[PDB]
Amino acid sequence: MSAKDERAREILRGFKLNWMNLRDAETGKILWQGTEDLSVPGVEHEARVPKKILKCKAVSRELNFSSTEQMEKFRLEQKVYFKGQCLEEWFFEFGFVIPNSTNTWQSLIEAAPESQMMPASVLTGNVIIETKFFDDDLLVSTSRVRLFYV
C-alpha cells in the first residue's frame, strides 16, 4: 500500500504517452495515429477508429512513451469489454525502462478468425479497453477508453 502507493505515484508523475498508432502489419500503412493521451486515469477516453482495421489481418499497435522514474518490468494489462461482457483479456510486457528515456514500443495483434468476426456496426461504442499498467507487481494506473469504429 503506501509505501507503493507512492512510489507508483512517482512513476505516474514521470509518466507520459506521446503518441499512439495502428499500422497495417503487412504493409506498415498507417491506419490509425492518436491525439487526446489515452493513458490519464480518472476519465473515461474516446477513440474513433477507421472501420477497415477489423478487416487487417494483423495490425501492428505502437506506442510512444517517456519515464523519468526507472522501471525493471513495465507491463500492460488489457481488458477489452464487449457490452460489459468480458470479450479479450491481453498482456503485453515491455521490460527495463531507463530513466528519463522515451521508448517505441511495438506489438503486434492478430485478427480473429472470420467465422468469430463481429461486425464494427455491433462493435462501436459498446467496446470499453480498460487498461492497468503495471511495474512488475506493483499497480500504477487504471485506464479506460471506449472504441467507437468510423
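Rigid core (definition): largest C-alpha set, two forms, superposition within 1.5 Å. Positions refer to the first chain, counted from 1. First, how it differs from the form deposited in another entry.
When the two forms are overlaid on the rigid core, CA displacement between the two forms of 2 Å or more is confined, within 58, 43, 86, 98, to 58.
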The other form holds:
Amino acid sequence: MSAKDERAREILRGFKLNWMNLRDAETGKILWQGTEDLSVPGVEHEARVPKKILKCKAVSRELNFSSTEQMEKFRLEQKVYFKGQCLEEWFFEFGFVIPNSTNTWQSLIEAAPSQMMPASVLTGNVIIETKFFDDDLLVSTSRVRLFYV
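Please move on to the form deposited in another entry, as the form deposited in one PDB entry is already shown.
Coming up is the bare chain, nothing alongside it.
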C-alpha cells in the first residue's frame, strides 16, 4: 500500500454521485435521469436510455456530486465499449473540489459520426467505462451496461 493508494481510497470513501441527467444539446430535451450512484465500482450497473440519443450529435450532462475530500484536479476518462472493443473515448475535467462540497458539473458530450450501428445491434452490448481521477491518481473505475429502448 502506498500513500497514493491510501489517498485514492479516502477520496473514494468520501465521494457520492447524488443524481444525474442527460439532454439533447440541440433541444435541451431530457433524455435520461437517475439518482443511482452509477459510479460505484465493482458492480455492473444497467441503464436504459432512449434509442433516439443515438441520433444526437451532442448531449449535455448534469452530474451532481459530493466529496468529503479536497481534490486538486477532479477529472473523468470515459470509454464506450462494444462487445469488448473501444469505439470512442472522452476526457472531461472538473478541476478543484472544495472538501465537503456538493457540486453540479455540466458537460457537453459530442459523439463522432460510432453510434452509427442500429440501436437493436447495440443494445445490451455497450458498456460505458468511467474512470474517476484526481490528477493522475486513479480513484475508481465503474461500468454501466446500456439498453436502448
